[PDB]
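Next up is one chain by itself, shown in structure tokens, the form deposited in one PDB entry.
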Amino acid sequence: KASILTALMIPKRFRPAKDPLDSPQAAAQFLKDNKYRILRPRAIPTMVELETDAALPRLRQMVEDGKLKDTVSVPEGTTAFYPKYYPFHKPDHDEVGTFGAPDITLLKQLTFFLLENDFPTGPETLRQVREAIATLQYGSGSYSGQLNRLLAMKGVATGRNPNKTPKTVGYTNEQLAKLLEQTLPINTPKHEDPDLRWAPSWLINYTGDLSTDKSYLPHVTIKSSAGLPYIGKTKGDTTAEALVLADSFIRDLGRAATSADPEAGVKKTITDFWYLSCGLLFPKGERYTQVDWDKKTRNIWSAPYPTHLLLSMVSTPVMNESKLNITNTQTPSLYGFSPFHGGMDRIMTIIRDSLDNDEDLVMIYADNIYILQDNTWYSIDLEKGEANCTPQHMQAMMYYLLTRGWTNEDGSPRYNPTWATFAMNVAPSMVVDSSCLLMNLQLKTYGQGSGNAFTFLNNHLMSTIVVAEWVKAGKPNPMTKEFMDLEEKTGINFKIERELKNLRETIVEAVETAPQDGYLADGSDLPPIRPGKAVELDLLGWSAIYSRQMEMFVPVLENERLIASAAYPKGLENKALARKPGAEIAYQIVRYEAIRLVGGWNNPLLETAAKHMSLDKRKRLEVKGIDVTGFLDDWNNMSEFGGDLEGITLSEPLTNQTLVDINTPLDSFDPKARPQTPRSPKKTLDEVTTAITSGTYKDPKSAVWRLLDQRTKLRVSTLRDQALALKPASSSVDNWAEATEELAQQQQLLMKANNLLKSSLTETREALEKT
């Protein structure tokens, strides 16, 4: 019985608080009070329409064939205005909808299944999912979170442990390159890949003939932001404009560098294209802690499309040929590592051999360091990695790429003076210690912009410096003050994230507790009643579980990440796909299959609930006669785990065979059969460090490499003379090696003059910030 009034008419959803910093006035005051640098704002000319065939002559046929728009929009207007970037933050105080909704259906299903099943780990799984729903929130944070994040970046860069250039730490570019030959082994780009000698649009071959139509340019995310000067546009809306701007910037830089006044010309080009150094401060979508919603929002420094393209032309041809890591090469690098297809078992074999031989082990992946020492596994992360970066760290990376990557077999460069100018003299100051845009505020970026094309490379170099210093200090244990003292030594902040004790015993336990029943145990299509002990390496987010069926370790997503993903799944995040009938149900199937595939299969309660949900959806589709195989075959793009599990289809329900197939290695593994690094093959990181400590590798032997190192010390007014010193090697003239030797000697001699010594990175930053 209820009243007529009533008759007439699970954790609660998180509602973010009102954000007091959501206005330019309040945000600017907050930053001023916290002494965060706000730049004097710079203006961008309005857009002018130009004919595509005049601006991009190489693409005339594409315009004629109606495959490319006949006009391009470029910032050449008579009036210039200050740009404004207002990102959405969801959920927010006024809007708590489907975006960032926790999976309450899964929570109810986990509860129903726990009541029917006696899984000993079942109560803890339910408790963890409920706790993650109650304490976390998937979304794009807040203006307060973004602003507080900027303060933390400034604190890392300039606070307790101010940043140090590699030169202050005690490394020359050549010494760093010797370390990188070991920690980031690289191959040269393919001989058929064009050298760094051209305007980007010249790398497009279009005639209409499908058999030959090719682009030698890097691939791009079409739906991603164009960045400045095209706020609100995607890369798909602005590819022609990006080519025009990237061609103009490289062309103007090249002409200015060899002009009668290189300093005036180079500075003018940099000032005219200032916006190529300013990133849109995009709030990153993550599973944030509800109580810290306004205290921290991670940012993506959204690089201008032309800058992204020019930087990617230097890095991607090298990196595409350099998927060299500890599982296939004798290197600490984890670059290109996959724990699938036997990857985790190769890691476990290396770990087990190190433990058996009483050897220390180090692994590096960007801002992640892994140390095995004293029967303990340590996970060390750089503290807000990007904030530690100086333009000189990126310049050392450019030096490494141009000396070890962009080089011919005879030692001649695979670049001309224009590209050496962009790469060495300008590019590091475009994305490191430059600026970002939030609302109408042009803010200083402390360190490198997170998400720029060189993020991974720059972070990897910083971890390389920390590791080289660790080796130099006699490998102090990560839990000691001697290890923590490497922060001040390097100017790089870091923290011990994980300490996995009794490693040897943990591995024995993981093998012994491996279940006899279920997936990868006896190979049935059921989870184990009692999962075995995981080796919680958190190796790029992965733990290791022993398989009795396959007689190997296999990866499972680290528990906390698995629970967070189950509690707050990412939605479809594609309005076009979402409007197609069956895309939502297909995405729901994908979400439940992917959570099982990454590790849910080994969590009995989670596997039971997720299997039931995906089977129920498939059954409904079958009865209804609705075919979604198209979406299920091309599932990768609709899943946060899509990049992790390539080459598999979700059109058939997950079985033991799916788990066998994803873990199947192409080849057997022998760690002793791994090739040595392409450069200094016989040398180890320890031998290189010993050589450096003694004063070796200060200068490269190659005159071409000496010119490139001198390029990092000489002021911009010397660019025309530096171009003349490089022209013989760059043109591969007869006797270029002897000619380069004489020119590098003449240049080293003239460098005695201190008035010629100024970082072009400082000159670039000064020209970018000019008002």
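Here, rigid core means the biggest group of C-alpha atoms that superpose within 1.5 Å across both forms. Numbering follows the first chain given and starts at 1. Compared with the form deposited in another entry:
Once the two forms are fitted on their rigid core, between these two forms the CA displacement reaches 2 Å or more only for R579 among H219, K214, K619, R579.
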The other form holds:
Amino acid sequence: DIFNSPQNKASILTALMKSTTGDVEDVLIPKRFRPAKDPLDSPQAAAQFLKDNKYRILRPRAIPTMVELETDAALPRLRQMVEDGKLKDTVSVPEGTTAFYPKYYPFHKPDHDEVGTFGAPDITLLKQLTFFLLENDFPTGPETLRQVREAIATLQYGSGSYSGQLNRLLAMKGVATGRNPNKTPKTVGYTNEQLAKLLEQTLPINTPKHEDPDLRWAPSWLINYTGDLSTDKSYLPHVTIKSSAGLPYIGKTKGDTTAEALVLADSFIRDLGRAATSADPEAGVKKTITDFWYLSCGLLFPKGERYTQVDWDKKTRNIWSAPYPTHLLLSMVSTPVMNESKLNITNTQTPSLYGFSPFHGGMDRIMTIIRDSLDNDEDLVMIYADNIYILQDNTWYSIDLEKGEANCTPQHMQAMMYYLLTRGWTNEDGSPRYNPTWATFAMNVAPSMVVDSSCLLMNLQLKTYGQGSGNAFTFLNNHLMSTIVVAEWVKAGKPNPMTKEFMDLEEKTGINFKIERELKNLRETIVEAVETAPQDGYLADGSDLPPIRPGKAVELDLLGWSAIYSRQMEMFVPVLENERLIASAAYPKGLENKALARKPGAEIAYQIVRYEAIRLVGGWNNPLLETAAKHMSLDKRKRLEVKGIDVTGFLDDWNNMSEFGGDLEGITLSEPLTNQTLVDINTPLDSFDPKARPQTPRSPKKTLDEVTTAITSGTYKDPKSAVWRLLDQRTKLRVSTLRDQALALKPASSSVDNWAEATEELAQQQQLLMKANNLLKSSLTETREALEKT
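Target state, the form deposited in another entry; input state, the form deposited in one PDB entry:
A lone chain is what you will see next.
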């Protein structure tokens, strides 16, 4: 026995403990990340950490124990549903004689003790990329491989840690109260009417459909159930059935608690309305607020993201999981308006990017606007929640509010409520599409329920600094804050984003922000993108292959998208920003959709979806990534065909299972991705003429620049409409005045004969009584005080 293939001889100690200590490291494959043990994973350690860092911990409040009530007694409008056996005959409500302190313990995965399939990097793809690189002469191949391996080695998809969540809360407090403490719109210098005039341009809205119910009813009254499928309708917002119910139902989904949410939402709105018109509105309103304190406390859910391994315990984004009744009531105000307001820069003369999709010509419409602005030597601004985009001095600037939500004051949300109730919930005659009860909830209570309220982590009831990220108004409040920053930029004579004059806008507004991207020589970059467009492959000559040499991309990072010029379509098309593309390839999310995960059909289809989606979003233009992902999806498809396993239904309706499912609803993945798929996703319904875009619904002819100029002159301090004047006065008057405020609104709300004249007289009357400083107190402060009572 001579020349036998060597086998590793090791000590019995090594053998016993299965040690790889001696073994040669395969630098081609990164080791799995194992999160450290978390020292802040106990209520004692977490509370001490927060105390040491001067973070406010509230005196804990208790929720009454659950009591069973008859569904038909609690929800009389749904008696028929109970009778038809379609709805449970009992509801579990917090009306007990005893009470409990709520506890929320979220799961953080992976963790020190569990490094499993959740958050696993795509090592199979890494191996496929490696092998395809050996077999193919792709000039961009080595860089693609390096990038995917580096993302696997440095990032981690998962739900962070308690330390990450706690450190994140500190960062939010610092944004809100630290270097640049928050400022209410009034402190900055804006009245609710002045802000509404800016929002008419930055966030154009339409009124809800005339057939949509006004804000006059208890939520359950918007449910019409008879049994007749043709007439059965809910006029309420839609909900994510598998999402958390929030307080007072920890561990339950919205699906398990819809009847309970309706009972609680009905009760809160009913009690509030009665209290407001009672003999003592202050005592009654404060009692209702205290009784339903839990409707203002969000479960501090750790957000799943592709975090950096080194900053695993330094930063974990949180989702402020709003109580289902609060969510329902807030959504009743925002959704009917927003559903009718998908107005953005591609379809309306507005800087708004609300409802934007880069697909179906969207990216090309943006590129046309960018090119025209560059040609006409004009500045350009675009706004999307906490994202600001500025085109000035042949440069594309991406400005993001620093931890956006943390900059929010209840007054910012109150101004948004004013905008929605004046511009949205209004009839053609100027009369309100709401009653005093709804104006009370919307204007006086709602902003202090989700802004500067509280959250729950473990058994700790913690202060929330700013607005709760994930609440129904997150986008709207963030968009209003960006509007203030942009308005201040215009006022300051449009200082370049790289200057101190631009950075000084942080103090002027009390809103923290940072320049995230500076894309220099824009005009030249766009020219290069067109010139370098390949003649070969997908969207070039139409063949089902990636280009040998991909063209230059205009790296706008416009809501995560870059632009590529297509010779076949003679237009710019979106491709997911490189860094996001690589991170999604390295750390794919799993089947993260309800019970869907238990459906073998969905689980199986997902494995194909996962690779098809990575190709669709931009992988198609990365020769190595397209080659490997195509191979993998085809292999999976072939196994199914050979085995006779049908998942076509899940492949057709794939959108629900992919982080990329948005907008791409009309595309099907039952057939493999081809050049047609790419043509289809990029096909516009209509040709584009920027000059043909309709102007904003309100103040059409006016631009944001014109409105800013008017505001600096002291214009729009007060609305002309008496109905609107009453709503602005509502923001200044203390809760004890609610019964009298209800009387001032009743004529316009009831649309009585001569309501307009009556309202004018009542508004002037109210205006006079507001000369008494004793009557002047923010109901938002009164709400917070009542919510925090023990």
